[PDB]
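J.: The primary structure of each chain is shown beneath.
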Amino acid sequence: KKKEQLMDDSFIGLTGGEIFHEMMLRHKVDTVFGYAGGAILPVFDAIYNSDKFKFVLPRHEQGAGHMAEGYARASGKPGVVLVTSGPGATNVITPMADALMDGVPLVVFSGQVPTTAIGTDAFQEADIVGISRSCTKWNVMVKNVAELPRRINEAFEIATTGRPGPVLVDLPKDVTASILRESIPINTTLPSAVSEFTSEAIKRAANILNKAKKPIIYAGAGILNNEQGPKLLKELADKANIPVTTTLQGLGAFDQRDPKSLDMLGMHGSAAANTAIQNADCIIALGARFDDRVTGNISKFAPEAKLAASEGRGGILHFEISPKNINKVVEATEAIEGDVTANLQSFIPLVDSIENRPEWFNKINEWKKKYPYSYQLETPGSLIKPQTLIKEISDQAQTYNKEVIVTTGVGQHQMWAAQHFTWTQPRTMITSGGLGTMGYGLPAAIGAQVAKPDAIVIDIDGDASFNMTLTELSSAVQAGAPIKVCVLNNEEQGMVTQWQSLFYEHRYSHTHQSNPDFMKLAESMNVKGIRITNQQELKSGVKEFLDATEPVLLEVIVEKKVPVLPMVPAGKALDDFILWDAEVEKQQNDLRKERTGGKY
Amino acid sequence: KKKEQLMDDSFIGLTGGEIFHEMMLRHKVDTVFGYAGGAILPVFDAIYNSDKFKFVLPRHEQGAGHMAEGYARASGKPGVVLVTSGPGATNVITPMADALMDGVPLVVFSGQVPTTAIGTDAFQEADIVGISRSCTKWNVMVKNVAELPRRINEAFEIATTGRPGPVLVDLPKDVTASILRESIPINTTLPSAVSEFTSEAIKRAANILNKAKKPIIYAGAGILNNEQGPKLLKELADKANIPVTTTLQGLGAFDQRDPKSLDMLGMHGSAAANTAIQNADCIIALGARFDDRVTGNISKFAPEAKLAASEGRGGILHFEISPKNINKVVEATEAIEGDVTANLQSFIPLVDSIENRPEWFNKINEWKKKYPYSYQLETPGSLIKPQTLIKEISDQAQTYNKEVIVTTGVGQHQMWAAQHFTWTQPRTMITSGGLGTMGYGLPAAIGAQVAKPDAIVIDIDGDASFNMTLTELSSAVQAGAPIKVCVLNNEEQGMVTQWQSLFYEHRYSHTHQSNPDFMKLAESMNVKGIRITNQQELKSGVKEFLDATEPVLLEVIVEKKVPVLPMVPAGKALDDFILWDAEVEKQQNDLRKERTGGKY
Amino acid sequence: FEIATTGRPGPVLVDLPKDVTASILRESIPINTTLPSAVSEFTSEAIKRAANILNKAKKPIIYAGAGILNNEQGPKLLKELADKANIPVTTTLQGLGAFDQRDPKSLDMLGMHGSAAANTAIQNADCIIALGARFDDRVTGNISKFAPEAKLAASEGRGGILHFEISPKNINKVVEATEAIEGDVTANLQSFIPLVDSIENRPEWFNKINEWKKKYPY
Ligand SMILES: Cc1cc2nc3c(=O)[nH]c(=O)nc-3n(C[C@H](O)[C@H](O)[C@H](O)COP(=O)(O)OP(=O)(O)OC[C@H]3O[C@@H](n4cnc5c(N)ncnc54)[C@H](O)[C@@H]3O)c2cc1C
Ligand SMILES: Cc1cc2nc3c(=O)[nH]c(=O)nc-3n(C[C@H](O)[C@H](O)[C@H](O)COP(=O)(O)OP(=O)(O)OC[C@H]3O[C@@H](n4cnc5c(N)ncnc54)[C@H](O)[C@@H]3O)c2cc1C
Ligand SMILES: Cc1cc2nc3c(=O)[nH]c(=O)nc-3n(C[C@H](O)[C@H](O)[C@H](O)COP(=O)(O)OP(=O)(O)OC[C@H]3O[C@@H](n4cnc5c(N)ncnc54)[C@H](O)[C@@H]3O)c2cc1C
Ligand SMILES: Cc1ncc(Cn2c(C)c(CCOP(=O)(O)OP(=O)(O)O)sc2=O)c(N)n1
Ligand SMILES: Cc1ncc(Cn2c(C)c(CCOP(=O)(O)OP(=O)(O)O)sc2=O)c(N)n1
Ligand SMILES: COc1cc(OC)n2nc(S(=O)(=O)Nc3c(Cl)ccc(C)c3Cl)nc2n1
Ligand SMILES: COc1cc(OC)n2nc(S(=O)(=O)Nc3c(Cl)ccc(C)c3Cl)nc2n1
Ligand SMILES: [K+]
Ligand SMILES: [K+]
Ligand SMILES: [Mg+2]
Ligand SMILES: [Mg+2]
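So the sequence lines, in the order shown, correspond to chains A, A' and A''. A prime marks a further copy of an entry chain. According to the authors' numbering, the stretch in the first sequence is residues 75 to 266, 276 to 683, in order. According to the authors' numbering, the stretch in the second sequence is residues 75 to 266, 276 to 683, in order. According to the authors' numbering, the stretch in the third sequence is residues 230 to 266, 276 to 456, in order.
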């Protein structure tokens, strides 16, 4: 009777592949990134010429993975990856580890050899469940077609709840080829208050903030996981009159044009932001995990907030969805567990409205003034400075009546992009932060461009980073993704040569990879190519770059052996930073010249 | 007293990095493949401008991994990889899994975050020991500099003994930066009979072979792991008058010009070889693991040898170094554990010399005659057939007074290379067999070319495979490796479209990746480019290809939608194969044309 | 409960954090989670093939294990098969009680400490019907020398090993099955037996068996 109402037979007669297809539809998947192979053919046959989602074909499964990541961060939806067994699956390991570190909802479907062949070292067999265990929230191997819809639901649910992250679902070929012959629980054929412990924590947190004389908001990626996040962040900052700093992954969560913006904090963050957090009596941590790039020397981190906590007049208020990241690095004075945006809705009305903080904002404005992102400007005849390039792109990009999304590679160009872009909108900085994967920039841009077809998507890339995955240029063309790749060509692994200049007496050990001709490369890939070689080409070259309505590769020759500053050296407190100094740079240039015999 | 003789203080005062450097020397490492990064900088500083080995810089760590694999298979030495933490390390996972499946001695050294930061989700931290566990023979994280020499010795020993395979050694930054302050056991500062159970097995095996009327040697990669291997294989085949078939990985272990050669067996192997092994009363398995590509339907494999075993007049004699692979797939009548070459030295003198086997070799010669690698020849106006291309390359390559080493990508081109090359020398087929990694061809060739600077090294590649890792072209130039890349451009994932033609009614689901302009690509990479577009350019184009003394990319336009034959379909016995038939191919072409509306 | 009781039964562990078991459910849950819970023609064809092999056998033996006990009808169908095709039955240690040892067709327990009659019979049988038993190393003795007559018969297409096994992991793990019949042994016996020819007598085979039983008491 009611048993017929709780069981569903609508999938009976379908192959596992066809069931996969139907479940993608029910999960509102509109894009799949993948690459075919023997073990996953039953699924590829099922999705053949599907009009239900766009399929994006990379040149390499790592490309699929990073594309799905870019897609996920741009769209707020899970990025879906479909690959074959063996090397198809192991090729997604770096994107999976990447997604885990950066909290990216990734759902990876990997073909697998038939169940009858597992553990025999079969053709193209990898133990992907074993291998991917450490770099996924969760994984599973489907053992029969009857449980396939359930595993799919489970995968999407886990990927998108708590701290978002990657999941892998292993699909044996005989399972996806097999036909469902039995009815299954109808709940498996479909996708899907505040605890007073937390409610009391929130009230307690509000009382702490209402005492604060030097508050600061420390906002991260978590605030981006809800569309109302940035709005409520602004509402809080406005109401209680609080300066806001963000992590690298929080960039765009707060309007940096706002006077209350302290810009990015951390190792390569603003000295103003770093100074402010070191002197704040109350730190409001909104969806940020106190990563070691942000805290500096942990024992010396946030001295004023720890003092205030001990004296019952401040401390750290940590709004965090994942209990694992609460009290992992720094002790929270109050832990507010759950979605930061939801908890802010309860928090803000308990927070007293504050008109002015003369003394605090006097310090903040003074710090902002004395700590700009200073660097050595161009001189007559010199190459374009990489910092100036970023400014040019940022200024000209904001000119179009389109959303602007930025992805990056990893290295100096990445930090300069973070520093010198003006960040104003959520989900516009798409960068590999936790794992820091070189090669991320181009495929992430393709994924973001597919998520946001009407956006300007700029990959600010390094020459060494771009080399990692440049084959995916063909993928952009085939996908119809008019991405804009800007290669900051300093002909070096800049971030490593900076460390080698600094700590290894200018011994540049294998940090200069030879580059292809990027213009002939672009041409070979059927992509528009622009090369900027001198200061006088900067403005017009960047305009042509942004005006392009097709995929375009811009190469910019930029100054070499230029350090990213400010810098908080490892072991040092956040407010014990190295600032840019003109004479210091001159001396460093002379020293480098002498030690390398004029080679660098 | 003697304590001073057993302890060594010669490393005291050295950093972990410097100790690493010294241990590479002591392990006679002459080549390192790697890519720098923060966590591994102390090691890179130590090997800075080292004249003790050649350093090879890829564009991607996967490149380093596959290069090291190519190097190892060409040289018989372990391939050494040096990468940084996080993504540097996870990027070597596919090469590691590749090396495990193909028994390749790979020693991977990965930088790691400081010991003080492990398990904190630190900057660029991956659990590479956890991740790589399933795809290494063994791995370890060094915890202090005092144990670094021991772990290094242990790594090389494990990688190169038993069945060779990949090992990973994780190197925390603070360990490699730290200085050895204490003396260490002198045995750790240096690198490094037959059981009568085996001796009796050998005698028993000889008696079985001396009864055999239809013997066959089934030779694999294991015979290549000793320089005397091929010689002793030949000695055995000559003495007892035995036809020889090899696996894909055994290609070159036996002179295929020899009348006793049955060529390659298996799914895409010769129908003559497959027929012979199905009818043999005694199978001598020499360093081969009865992979599922070779056995066909296991329950129907080697019927005559199983019958002979049951009747005490034959069976399977398995010479295998790894106990795990003895009796894993098929029951060995006699298991001869240990190095196949060493055991052959004992085996052969117990084997009776045999002049003639009229009846057996009559069958073999008849099978060889009726089962050539037939295919549809070129017709006027048609594109070059991929099989003909391979023949041309093989014929012209054998013309030079240089060793010729072949690497491949994965797909149809790979099997056609295997089939249509004439294999005569050991360690000349370097191909991804167990994992089957597309993208392997180019970096493997670079590694092989570095191992063998005076060899002609040809990467027979697919267009889709080549796309995976084509960025490593720059790496070949920078390394001074004059590799010869031949892209068989059928503008398709040929091996997948073959399965889709065959099993999915010509539904080509996402199996046509767009290709770059390979000639402009080569130009952008500073590599010589040659394009062959028609039959009349084949000979002269291949000559120019082989005559080149610089890195060169040859693109050949070849016929599309051509199946690799013969084929043993999954589920079928080895002697239940599909043969090429002209009329059948014509009908298949018409059917494909009709179903795809003339598109394919 | 589902995993513990399906396939080959086995242990499962469910870890219950104190704050979870102390916590109170505040939200509705899928109603399917509040409640507990044909034959593939690949197997159907295997069964038919197995029957044809047994119908050729001149020296059959049933090798019955714990699996036959996992269904209440198991022992009944085992007896029905043994009676119909006139087959001597040996069991593992874990199969003890699956077959009435008072029955003349009982060979008692086989293996390291099993009856020499049972061990002799299985070594000389041309067809071995493995019913819910996993060919453990206490049972097979030297694996390479195990069941010589059944391997010979298989090679000659007149016998071999018919393995009724619910867990694919244990199929072809130790010895090659001539025919693998995947699934519940009792359910598959219901299909198997009617395809099996009824046999009145096996004079020569049962003469050996009775002689072995007589010369090999405990
Ligand atoms: C070369 C390089 C240099 C770098 N230098 C810097 C630097 O100077 N400054 C800097 O900031 N970063 C830097 N990083 C990046 C740094 O390593 C981290 O990736 C970054 O700081 C993490 O930012 P995050 O905490 O906001 O994001 P995440 O790492 O994603 O952490 C977000 C936190 O919020 C939680 N969360 C997620 N969703 C929610 C929700 N809905 N509600 C509540 N909580 C939620 C998560 O569980 C997590 O704890 C650098 C990276 C590279 C490659
Ligand atoms: C598209 C594709 C199609 C393929 N089709 C075929 C095909 O048709 N035919 C074919 O043969 N292959 C084919 N393969 C390759 C196949 O998957 C295996 O990789 C290959 O057959 C394994 O060959 P092998 O056993 O000789 O080498 P290995 O896999 O390396 O095994 C060697 C064995 O020898 C042992 N051994 C190693 N060293 C020693 C020693 N010193 N002494 C004794 N023993 C030792 C090893 O432990 C191991 O058991 C194909 C691959 C691909 C990608
Ligand atoms: C000191 C000592 C001495 C021993 N000596 C002997 C000896 O001489 N002889 C002997 O027999 N044992 C001996 N053993 C026991 C031996 O080690 C094994 O435990 C025993 O032989 C296994 O019997 P089994 O295969 O029937 O049961 P199991 O180990 O439980 O295996 C049952 C098989 O049937 C399968 N199965 C389960 N349910 C079903 C189903 N519904 N349908 C189909 N298949 C199913 C299972 O997956 C499994 O493969 C000894 C043990 C000890 C401690
Ligand atoms: C895959 C990988 N390998 C190595 C590193 C280590 N690494 C390396 C080698 C960097 C140099 C990047 O060079 P680039 O040209 O892309 O950028 P810049 O010159 O602007 O710094 S940055 C960095 O963190 C990494 N992050 N990712
Ligand atoms: C990294 C990876 N992804 C997917 C596969 C699956 N796969 C795919 C997609 C093949 C087609 C290879 O295309 P190709 O152009 O390189 O070669 P051919 O056209 O000559 O077959 S072959 C093969 O096994 C694989 N082996 N490796
Ligand atoms: C699409 O390209 C290819 C190439 C191919 O062999 C070279 N195969 N082989 C197949 S299969 O039928 O044998 N299935 C299969 C696979 Cl994928 C891995 C392991 C095992 C044991 C099996 Cl049974 N499917 C394939 N697809
Ligand atoms: C060479 O390029 C770079 C770039 C860089 O930060 C962006 N760093 N940071 C460093 S470090 O001194 O802080 N060491 C370090 C590393 Cl690598 C990972 C994790 C932790 C906790 C530490 Cl302590 N070394 C670096 N090298
Ligand atoms: K900024
Ligand atoms: K050949
Ligand atoms: Mg650079
Ligand atoms: Mg191709």
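Read the hints as simulated data drawn from the structure, not as lab findings. Any given hint could be a false lead.
Said to hold, decoys possible - Facing chain A', from chain A'', some residues (calculated, C-beta under 8 Å): (1) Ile253; (2) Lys343; (3) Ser393.
Unchecked claim - Simulated crosslink set (BS3-like; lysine-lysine; CA at most 27 Å straight-line): (4) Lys468(A') to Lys296(A'); (5) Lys128(A') to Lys644(A); (6) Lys446(A'') to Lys383(A'); (7) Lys622(A') to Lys682(A); (8) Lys128(A') to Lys102(A'); (9) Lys383(A') to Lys286(A'').
Claimed, not checked - Facing chain A', from chain A, some residues (calculated, C-beta under 8 Å): (10) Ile192; (11) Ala196; (12) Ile232; (13) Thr234; (14) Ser557; (15) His593.
Think of the CB as a built atom: it goes at the ideal place given N, C-alpha and C, for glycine as much as any other residue.
J.: Work down the list of hints and note, for each, if the structure agrees.
T.: Evaluation of the provided hints:
no.: 1; hint: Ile253; verdict: violated, 32 Å
no.: 2; hint: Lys343; verdict: violated, 27 Å
no.: 3; hint: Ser393; verdict: holds, 4 Å
no.: 4; hint: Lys468(A') to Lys296(A'); verdict: violated, 40 Å
no.: 5; hint: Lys128(A') to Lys644(A); verdict: holds, 25 Å
no.: 6; hint: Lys446(A'') to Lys383(A'); verdict: violated, 32 Å
no.: 7; hint: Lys622(A') to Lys682(A); verdict: violated, 46 Å
no.: 8; hint: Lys128(A') to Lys102(A'); verdict: holds, 12 Å
no.: 9; hint: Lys383(A') to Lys286(A''); verdict: holds, 18 Å
no.: 10; hint: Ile192; verdict: violated, 12 Å
no.: 11; hint: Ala196; verdict: holds, 6 Å
no.: 12; hint: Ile232; verdict: violated, 18 Å
no.: 13; hint: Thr234; verdict: violated, 20 Å
no.: 14; hint: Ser557; verdict: holds, 5 Å
no.: 15; hint: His593; verdict: holds, 5 Å
The earlier numbered hints that this structure contradicts are 1, 2, 4, 6, 7, 10, 12 and 13.
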